[PDB]
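First, one chain by itself in structure tokens, the form deposited in one PDB entry.
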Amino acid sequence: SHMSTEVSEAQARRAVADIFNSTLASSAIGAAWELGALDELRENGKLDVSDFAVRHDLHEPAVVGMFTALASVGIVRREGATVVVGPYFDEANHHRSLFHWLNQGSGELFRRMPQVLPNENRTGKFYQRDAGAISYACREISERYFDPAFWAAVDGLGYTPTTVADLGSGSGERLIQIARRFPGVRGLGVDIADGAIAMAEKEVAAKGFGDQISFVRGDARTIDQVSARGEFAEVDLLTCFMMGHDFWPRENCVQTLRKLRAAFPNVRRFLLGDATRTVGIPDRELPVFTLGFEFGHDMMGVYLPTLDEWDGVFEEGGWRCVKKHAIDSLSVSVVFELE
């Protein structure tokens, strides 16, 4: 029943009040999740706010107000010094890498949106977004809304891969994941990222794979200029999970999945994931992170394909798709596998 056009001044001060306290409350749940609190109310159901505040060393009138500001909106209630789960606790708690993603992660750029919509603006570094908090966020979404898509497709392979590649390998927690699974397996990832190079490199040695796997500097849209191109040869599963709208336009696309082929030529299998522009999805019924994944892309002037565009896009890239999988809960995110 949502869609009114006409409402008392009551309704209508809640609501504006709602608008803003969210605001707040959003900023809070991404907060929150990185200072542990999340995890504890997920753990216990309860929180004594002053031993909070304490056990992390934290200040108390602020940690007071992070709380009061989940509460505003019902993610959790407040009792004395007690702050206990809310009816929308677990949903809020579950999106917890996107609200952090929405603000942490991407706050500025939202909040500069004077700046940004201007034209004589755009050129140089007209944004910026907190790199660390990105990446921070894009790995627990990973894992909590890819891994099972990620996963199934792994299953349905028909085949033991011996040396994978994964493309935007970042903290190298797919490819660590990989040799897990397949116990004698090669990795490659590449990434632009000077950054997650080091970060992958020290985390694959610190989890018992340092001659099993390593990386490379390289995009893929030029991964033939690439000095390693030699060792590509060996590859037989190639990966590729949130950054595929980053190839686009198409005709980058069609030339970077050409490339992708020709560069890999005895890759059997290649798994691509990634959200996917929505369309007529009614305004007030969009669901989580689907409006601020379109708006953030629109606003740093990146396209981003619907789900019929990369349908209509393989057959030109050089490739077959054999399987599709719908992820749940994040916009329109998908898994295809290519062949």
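Numbering follows the first chain given and starts at 1. First, how it differs from the form deposited in another entry.
- Scanning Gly296, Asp130, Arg217, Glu309 for the location where one rigid part gives way to the other between the two forms picks out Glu309 as the hinge.
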Contents of the next structure:
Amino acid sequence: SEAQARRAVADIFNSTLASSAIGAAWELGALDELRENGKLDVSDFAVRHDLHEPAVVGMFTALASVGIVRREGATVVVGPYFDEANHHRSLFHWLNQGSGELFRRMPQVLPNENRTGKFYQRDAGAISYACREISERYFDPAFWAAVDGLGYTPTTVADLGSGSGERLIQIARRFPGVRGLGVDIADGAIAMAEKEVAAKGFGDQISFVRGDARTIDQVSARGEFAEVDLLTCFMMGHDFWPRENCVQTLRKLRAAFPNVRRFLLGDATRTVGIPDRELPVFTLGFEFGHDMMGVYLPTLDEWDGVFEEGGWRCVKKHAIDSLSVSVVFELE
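To test you: the structure above is the form deposited in one PDB entry. What is the structure of the form deposited in another entry?
So it's only the chain below, everything else dropped.
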């Protein structure tokens, strides 16, 4: 029906603005106001946070357009999809604020002749901000379970792809007096993690170093590697692949962290067989995005292959069904 088609396509258009707005409204404080008080006064909010009021009105109207919010007067009210969208807001942020420039440039990123050198760009600072909540909301119950089952109190912990630095911080809050080292390949991750450990008071327990975990022998921070007895790596396992490169890299890690006992690896994985009209949140963005970036994404079943060959024993495996098909491995 021509009218159903028109309403659908309009909804597709507006969903773009709503999607971009969710992450923005989180970052700026609006989603938190609404969860707390069920409602807010748009002018008041705009003045409180010193925001351009007409743009604010738009942001909320974009949210309203798809049911996240409902406007009555100068009041914004929690809408029927508020609780779902708010729960998942870090995913929208990662898609838009974080990875938005990648998808924007689709027509320049697909042609083979452009897929050379640095042919896409994302905002590493924003990815770090999103992934900090993605960790908490989706990965944490399995991560802490694995931490509870270590068998030992760790001393020096190393985190590959540290991002916001928040994992290392939370580990230090639990094990007071541990030392932390974060390796991330991106200047914006490093910078955010440094400001964050500084603000939060751990500046002499936790350091960071810019570096590539795939070329771990070339990372500049020699000193502390051999003292590390806990290794963590979250949301970047797939950067180790294809299969050969992953095996060789896993072996380099076992060699450069001789005294690591447990290695906790958490990641999302390429799904199989999900019908197109039923893709849950995140899945399509994760898979399409990485395919655009020329970054290999293994199935869960591919991972099983590689641990023993890379010189590691897989002791425990946790399913995370809350975020596409995700997993935590406890390796030894």
